[PDB]
Amino acid sequence: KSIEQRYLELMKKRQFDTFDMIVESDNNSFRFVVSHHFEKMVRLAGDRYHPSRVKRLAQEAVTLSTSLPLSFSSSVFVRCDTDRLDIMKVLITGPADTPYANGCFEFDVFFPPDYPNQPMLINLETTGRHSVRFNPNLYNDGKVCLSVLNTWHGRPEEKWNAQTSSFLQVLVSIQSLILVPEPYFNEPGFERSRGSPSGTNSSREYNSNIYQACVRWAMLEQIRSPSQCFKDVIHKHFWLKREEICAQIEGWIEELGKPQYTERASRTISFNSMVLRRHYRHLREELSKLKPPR
Amino acid sequence: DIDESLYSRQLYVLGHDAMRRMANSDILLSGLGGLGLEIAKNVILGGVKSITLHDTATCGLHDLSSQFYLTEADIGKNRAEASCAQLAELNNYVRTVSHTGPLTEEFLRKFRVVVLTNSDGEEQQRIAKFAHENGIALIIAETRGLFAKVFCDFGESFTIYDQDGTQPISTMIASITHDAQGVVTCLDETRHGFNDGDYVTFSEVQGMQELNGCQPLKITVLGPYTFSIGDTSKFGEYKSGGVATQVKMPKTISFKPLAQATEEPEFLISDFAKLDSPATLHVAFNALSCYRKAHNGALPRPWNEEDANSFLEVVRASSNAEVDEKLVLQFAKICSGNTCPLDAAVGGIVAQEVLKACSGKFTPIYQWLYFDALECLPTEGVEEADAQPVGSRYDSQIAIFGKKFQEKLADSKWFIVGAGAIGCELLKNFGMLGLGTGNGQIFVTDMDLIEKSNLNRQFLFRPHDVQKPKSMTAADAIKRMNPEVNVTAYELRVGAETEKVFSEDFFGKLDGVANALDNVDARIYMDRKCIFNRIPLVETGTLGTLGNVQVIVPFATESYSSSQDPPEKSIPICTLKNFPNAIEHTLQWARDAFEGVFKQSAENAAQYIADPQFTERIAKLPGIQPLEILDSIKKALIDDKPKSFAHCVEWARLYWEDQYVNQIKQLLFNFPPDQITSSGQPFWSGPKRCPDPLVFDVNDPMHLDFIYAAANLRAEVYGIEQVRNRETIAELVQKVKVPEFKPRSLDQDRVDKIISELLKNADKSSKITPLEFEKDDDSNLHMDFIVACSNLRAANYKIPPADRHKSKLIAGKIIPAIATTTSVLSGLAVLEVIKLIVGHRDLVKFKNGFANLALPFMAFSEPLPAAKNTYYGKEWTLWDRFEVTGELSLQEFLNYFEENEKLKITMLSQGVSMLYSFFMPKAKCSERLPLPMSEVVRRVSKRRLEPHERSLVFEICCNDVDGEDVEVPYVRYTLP
Amino acid sequence: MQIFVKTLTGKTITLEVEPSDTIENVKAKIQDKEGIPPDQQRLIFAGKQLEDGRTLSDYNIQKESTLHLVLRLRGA
Amino acid sequence: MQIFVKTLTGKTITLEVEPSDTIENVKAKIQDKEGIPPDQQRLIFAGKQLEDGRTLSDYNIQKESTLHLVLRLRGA
Ligand SMILES: *P(=O)(O)OC[C@H]1O[C@@H](n2cnc3c(N)ncnc32)[C@H](O)[C@@H]1O
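Chains as they are written, first to last, in full-length UniProt numbering: chain A, 4581 to 4874; chain B, 194 to 938, 961 to 1191; chain C, 1 to 76; chain D, 1 to 76.
Restricting the straight-line Cα-Cα distance to at most 30 angstroms, the calculated cross-link-like pairs of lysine-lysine (DSBU-like) are:
{"#": "1", "chain 1": "B", "residue 1": "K968", "chain 2": "A", "residue 2": "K4620"}
{"#": "2", "chain 1": "C", "residue 1": "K63", "chain 2": "B", "residue 2": "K467"}
{"#": "3", "chain 1": "C", "residue 1": "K6", "chain 2": "B", "residue 2": "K467"}
{"#": "4", "chain 1": "C", "residue 1": "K29", "chain 2": "D", "residue 2": "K33"}
{"#": "5", "chain 1": "A", "residue 1": "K4620", "chain 2": "B", "residue 2": "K693"}
{"#": "6", "chain 1": "B", "residue 1": "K762", "chain 2": "C", "residue 2": "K6"}
{"#": "7", "chain 1": "D", "residue 1": "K48", "chain 2": "D", "residue 2": "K33"}
{"#": "8", "chain 1": "B", "residue 1": "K770", "chain 2": "B", "residue 2": "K1028"}
{"#": "9", "chain 1": "A", "residue 1": "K4593", "chain 2": "B", "residue 2": "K1119"}
{"#": "10", "chain 1": "C", "residue 1": "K11", "chain 2": "B", "residue 2": "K1028"}
{"#": "11", "chain 1": "B", "residue 1": "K935", "chain 2": "A", "residue 2": "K4723"}
{"#": "12", "chain 1": "A", "residue 1": "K4723", "chain 2": "B", "residue 2": "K858"}
{"#": "13", "chain 1": "D", "residue 1": "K33", "chain 2": "A", "residue 2": "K4635"}
{"#": "14", "chain 1": "D", "residue 1": "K29", "chain 2": "C", "residue 2": "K27"}
{"#": "15", "chain 1": "C", "residue 1": "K63", "chain 2": "C", "residue 2": "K11"}
{"#": "16", "chain 1": "B", "residue 1": "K813", "chain 2": "A", "residue 2": "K4723"}
{"#": "17", "chain 1": "D", "residue 1": "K63", "chain 2": "A", "residue 2": "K4593"}
{"#": "18", "chain 1": "D", "residue 1": "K11", "chain 2": "D", "residue 2": "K48"}
{"#": "19", "chain 1": "D", "residue 1": "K48", "chain 2": "A", "residue 2": "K4723"}
{"#": "20", "chain 1": "B", "residue 1": "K813", "chain 2": "A", "residue 2": "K4871"}
{"#": "21", "chain 1": "A", "residue 1": "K4593", "chain 2": "D", "residue 2": "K11"}
{"#": "22", "chain 1": "A", "residue 1": "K4723", "chain 2": "B", "residue 2": "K1028"}
{"#": "23", "chain 1": "A", "residue 1": "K4620", "chain 2": "B", "residue 2": "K1028"}
{"#": "24", "chain 1": "C", "residue 1": "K6", "chain 2": "B", "residue 2": "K449"}
{"#": "25", "chain 1": "A", "residue 1": "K4723", "chain 2": "B", "residue 2": "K990"}
{"#": "26", "chain 1": "D", "residue 1": "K11", "chain 2": "D", "residue 2": "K63"}
{"#": "27", "chain 1": "A", "residue 1": "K4635", "chain 2": "B", "residue 2": "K1119"}
So the derived list for chain D, only partly shown, Cβ under 10 angstroms to chain A, looks like this:
{"#": "28", "residue": "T9"}
{"#": "29", "residue": "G10"}
{"#": "30", "residue": "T12"}
{"#": "31", "residue": "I36"}
{"#": "32", "residue": "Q40"}
{"#": "33", "residue": "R42"}
{"#": "34", "residue": "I44"}
{"#": "35", "residue": "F45"}
{"#": "36", "residue": "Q49"}
{"#": "37", "residue": "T66"}
{"#": "38", "residue": "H68"}
{"#": "39", "residue": "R72"}
{"#": "40", "residue": "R74"}
Hints were generated in silico from the structure; no laboratory data involved. A virtual CB, placed ideally from N, CA and C, is assigned to each residue, including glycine.
From just these sequences and the hints, can you work out the full model?
If you want it as structure tokens, here you go:
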């Protein structure tokens, strides 16, 4: 079987699973055994829930058990608490031909008690301890920007809709409109500057920064210290695609080595290239240590 | 000025101008029955300059049915004189006096508004003529059993400054056409919301600068997003920008005198299913005086057929227009009685009309209002012998409902949730009704304490009752009003944590629940409890002059949770962070900054100081959490710890520089001010305002205010003594050196290192204390800091600043409230409670109520029946459920359903938990199958089962025999 | 036929309907003109609350009839 | 060949398409059943946003592949 076929057959069974995120504690309390961003809000919510939330979450789980996207380019994996459907973690692999390609990005999802009337809360965890802004819509503090995620005035076809909006829609929105091939033009106003040499240089600078950021945090830190929920998924994904990842990073290196027209962009590109070489050496060191999954 | 600390909530409803006008108005109230007492109470709580209580009748046993300030010892005394002493304590800013002399012409000239109750026809006509001739506002109010009548005559020329009470709406302009019918188009296809024929003004318009600050112009709404302002060819071409703001145009109307208005009446419809009722009620009320004149001043006897026939004949003789004879007979049969909730509602309406007359705000009744509550009567009526008086304080109520309904009321048990304004009014009405005075009881619960701002609309509390529990104080207050009332009060907040007291046994002996809460979570929880226990629930809510009642009947109507309300509007992340365009965004940003700076930055440090073993506890946390806590503790305790107030001032200055200079310079570096997109529109156009960094000036009051507030709060956080001297802080802040800023384009080892630095350098003798945001205290400087921060960020983006009043309204999430709306909605809710207690089940009798006292507007509807669904041909609603008894294993539970109900359970849940599912791990599924359901619930919910829990509620998603999902009722699992 | 819808806050809306439309169509038109989703709208007429799945003929709403768009409130 | 498309709510729909069909043709076919106008739609496959003019054979979309329907976003 081709490597793509093996990847598709192996990652299919593990798209939607449950994990022990919460365990029993003393004096009728509970503690988190995994790092969840919305732990404080979970504790504040307590046992409050809207009557329709249970039915909506059951339908969402039924949808997610089959409907998650899966391809050799990108895939989405969802883990939920074994006893609570409203606490979830999402792993999204970067699409090919993008600066995020073959990078594992982790999100925390918490469904408020008012769901599905209020939109769910999602936060990006793969931020490099808030030192990296991976996208104009992905602030370094972890906040994710989407029009679908807001109930503010907006437009009816753009707001969060209690009937025509779903978790799967939000996941696909992130995975295909945030991880775009050219993230620089995501910012409004910059969208019309594309096609000009200055816009091309700015996009190249942004992509050069994102290249090293993703190589460091989306690959190296995920291999070294994977999340407990996505440990074996991450291991399988990085073991099955180590050659493609190495080739892609080498191609990124060669592209960054091309001459530049402006010195201001050239200095930043050279610095990002040296950082990317430093991180790629470590990534090559780590990849060779990956014991092949059974 | 107006004492904001007392009138805080009422100011957001009325306004400074309206309250100033009411503070110069004298009120005369004639008649001190139940309705007059309610009017006086609401007016006094409103805060008029003075009120004079005039009455000629003496207190009797029949007056105790609604007068809560009269006792049996007051029988024989003048009602006004007896109630004046107690009414004066409601508001010390209002001068309350009592008058017993005749209403001479010279005496009437001293009052701006005159209210007439229980006055005869001749006196009413004379006083109305005199008031109309001399420009005195006149209001006539009456209540006869379950009927009401309100008349308003505010003079020949009355000016209204705000016709509807709604805030002006401003929209932003995208393009204006330059021709004879210039069309204004809104920004990025956003609805303006302007009404047709509105008046608007323009500001911040470039090119058409002549429209800036122009007089209001009549508009023509051509669509949901565009409108026309007339000829715009005389001005210059439109470049960009522009904001159109709605302007409230005053209106002048003329009121007919009573002598004229009787023959050509204009009716305000109170119920749209009874359009013909006001016409008959007008004639009935007019002919009541003739009947009294023809029967020695005696009203028709309660439920007497002969007197009803005589009154019908009098009505026939008095008027030639056709009238509802059945309605006339029903009016005559119960016209001699009097009840509390109707009096409260009519008093609330009449007090709003008094405030309207005094201040000139809101539209008055034009001109007659007639209301009835005939659905509260039994379908078969009341026997005459049952309605005879028995020498009791409820005689006027027995004249309406009979002695059997009084016995039913005495044995009723009702639960009131929340003891706020609505809760206090409901408690008063229940006490006056005689509810629970026999073998019944009245339960009231509230977790809050009395605050000074609560005294404005809660009449059961006194200035010396501050810091006392609301529920106990209200219980004692209504115990004084009616000694026979049995009340049990709790200081608990309803929820999952207080089910030990509010257990299933407690709800089992209840007859109904009345909601007086201010949040949706408590409402939803009380609905779930009422659904599970199958008891009626009455829900009430108010907002300013708006209010509603909803009634939920088991097996009859849908629940409050069956329908949905608009969500709380949140602010886009990019609108709060980088591109604010309204004062709300800056206020929310200031609140977030306050929280993050003065509360979140010190919680970990305080926990570390208080708990010696905090480090070992946080060393076991998963992920990067131990580092994220240790570095915050280090930053709060070593790096940023100020050793003197001078360091606090320096930190405040640096924070000001970073917030209003450095970050804005960075933002402008990222996006140049003159950046223009390819198609032509600049980036800093439309909803995005180009900012400009500020220059610090100690002479600027805003900068000094921010420095003062921030330094004092920072000193309070670390325990340093505050220096509340503006001159000293101004002197100190001038010596601070601001560093230059330029724009820019092993974990275990670290944990051990930070632990070592904490145990060596950090001192546990510090007094780090996070600050809790309090808005009602003017000496804590929280609101001052919020105002300074918001106004500085507004001046950053050229957003018009907001004063302390609007900042407190928005940032503090203050819900405006007034006493009149509360009284009206409480009266309506008590009417629905009476309907429920009677025994009505058909949905026509029950009425959901909606009101807006500003328009004025009042409307009703039948509650919607519960939705019906079918599984295997069996109909079920939200009230039906499965009944599973005994102790069963999980496998036994699934087999029971699969065998009896022919349903295959694919997802079993208990609240937020998930006991069973189709996608659960096989190991846990095998483990949980043989265990009893109680043990499974205990394991999944991670909490013990309390002994008071006698049953559990399960929600199941099932598949039929054919493999398709079907909706099924919830399961009630009875513990052995 | 033309009908009017009055909001609880006193704003008047004019709709162009037919004696045979459905409450869903009326709510969609109200959504177009105002912006509230249809599931958040409560239409009162002649003491009755309009429910989805019915037409105006059942409620006897004729020309120049007035409807009321009410809402629930969270204070107390 | 046959392809599936999963809509906003997770509801899966079934379509018939040519190998040479433009993505605009596919968008029109989805509108023929569910009606969001094509310039508002966004079609997702293998993480890439499909552009109107290319054929499915350009993206190597093949029989029984599943597509995802999402909408054009707007900035924070
Ligand atoms: P307004 O805010 O004047 O009146 C509301 C009162 O209800 C009390 N209250 C709110 N929420 C609860 C719960 N869950 N349990 C008990 N009491 C509640 C507030 O404290 C106000 O007194």
